[PDB]
Amino acid sequence: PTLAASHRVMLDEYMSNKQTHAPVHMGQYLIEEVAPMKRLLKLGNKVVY
Amino acid sequence: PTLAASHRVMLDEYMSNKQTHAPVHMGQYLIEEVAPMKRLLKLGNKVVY
Amino acid sequence: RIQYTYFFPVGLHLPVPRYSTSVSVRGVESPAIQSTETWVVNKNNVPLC
Amino acid sequence: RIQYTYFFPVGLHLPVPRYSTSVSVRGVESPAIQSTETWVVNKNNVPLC
Amino acid sequence: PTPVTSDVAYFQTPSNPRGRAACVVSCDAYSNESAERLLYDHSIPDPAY
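Just so you know, the sequences run in chain order A, B, C, D and E.
Quick note: the first sequence uses the deposited numbering, first residue 1328, plus one each step.
Quick note: the second sequence uses the deposited numbering, first residue 1328, plus one each step.
Quick note: the third sequence uses the deposited numbering, first residue 395, plus one each step.
Quick note: the fourth sequence uses the deposited numbering, first residue 395, plus one each step.
Quick note: the fifth sequence uses the deposited numbering, first residue 1181, plus one each step.
Next comes chain A alone, as it looks inside the complex:
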């Protein structure tokens, strides 16, 4: 799977705190990716590896 945020907020919240984000909110979700390669996700200046 990949990053698939249903709304712009969930992807703006996975960046701010990797641990304490909600994988499933009331209406919307997010899929943290489980891939054999890892990447740096720079959305601005904040980095989530």
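Just so you know, the hints here were simulated from the structure itself, not pulled from any lab data.
Heads up, a few of these hints could be off.
[Said to hold, decoys possible] Only pairs whose alpha carbons sit at most 27 Å apart, straight line, appear in this in silico DSS-like list of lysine-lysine:
hint, chain 1, residue 1, chain 2, residue 2
1, C, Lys437, A, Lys1345
2, D, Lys437, B, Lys1369
3, B, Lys1369, A, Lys1365
Given chain A, put chains B, C, D and E in place with the hints provided.
Quick look at chains B, C, D and E alone, frame taken from chain A:
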């Protein structure tokens, strides 16, 4: 891109906590600078690099 | 040149007792709103719908 | 001497399902508010509109 | 000047101030019509988006 903040308030959030900052609020936004030079931003005595 | 596959959903509907975990997001908590797109981050870190 | 170009918005709208992520901002969040300027930080860290 | 509904998500990543990417280095060498078609024609979505 450079620093932009559509209100004075959201430029305070970027310098209090850089990680848990929110890039887009309800009416307003912020753009963190992605530049080859990274300056020392110092407003007051709180410094965000 | 190793070639990996990826898969992500778009346009689902979560079941009736809608729960939550997060403490940050305030805008998208309505039961009437439904997401019709998903945001996938590019190779060069650019989110696309 | 090395010349850079600095890209910069002012005066936009945000679409209809307005959202937030910030934990601590008490004010601006009314929907009737409109931002008609953006703030820049100088070389000498003096914020200007 | 710029419509009020242009996305803010264009503004956090480095790009052109016009809405279309203009990197002509990628195009075939000594082909002026293929390079112009990248800049101007709208049958083709952006090389960025």
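Now for the hints, and whether the structure bears them out:
no. : hint                     : in the structure
1   : C/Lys437 with A/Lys1345  : holds (20 Å)
2   : D/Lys437 with B/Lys1369  : holds (10 Å)
3   : B/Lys1369 with A/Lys1365 : violated (34 Å)
In terms of the numbered hints stated before, the structure departs from hint 3 and from no other.
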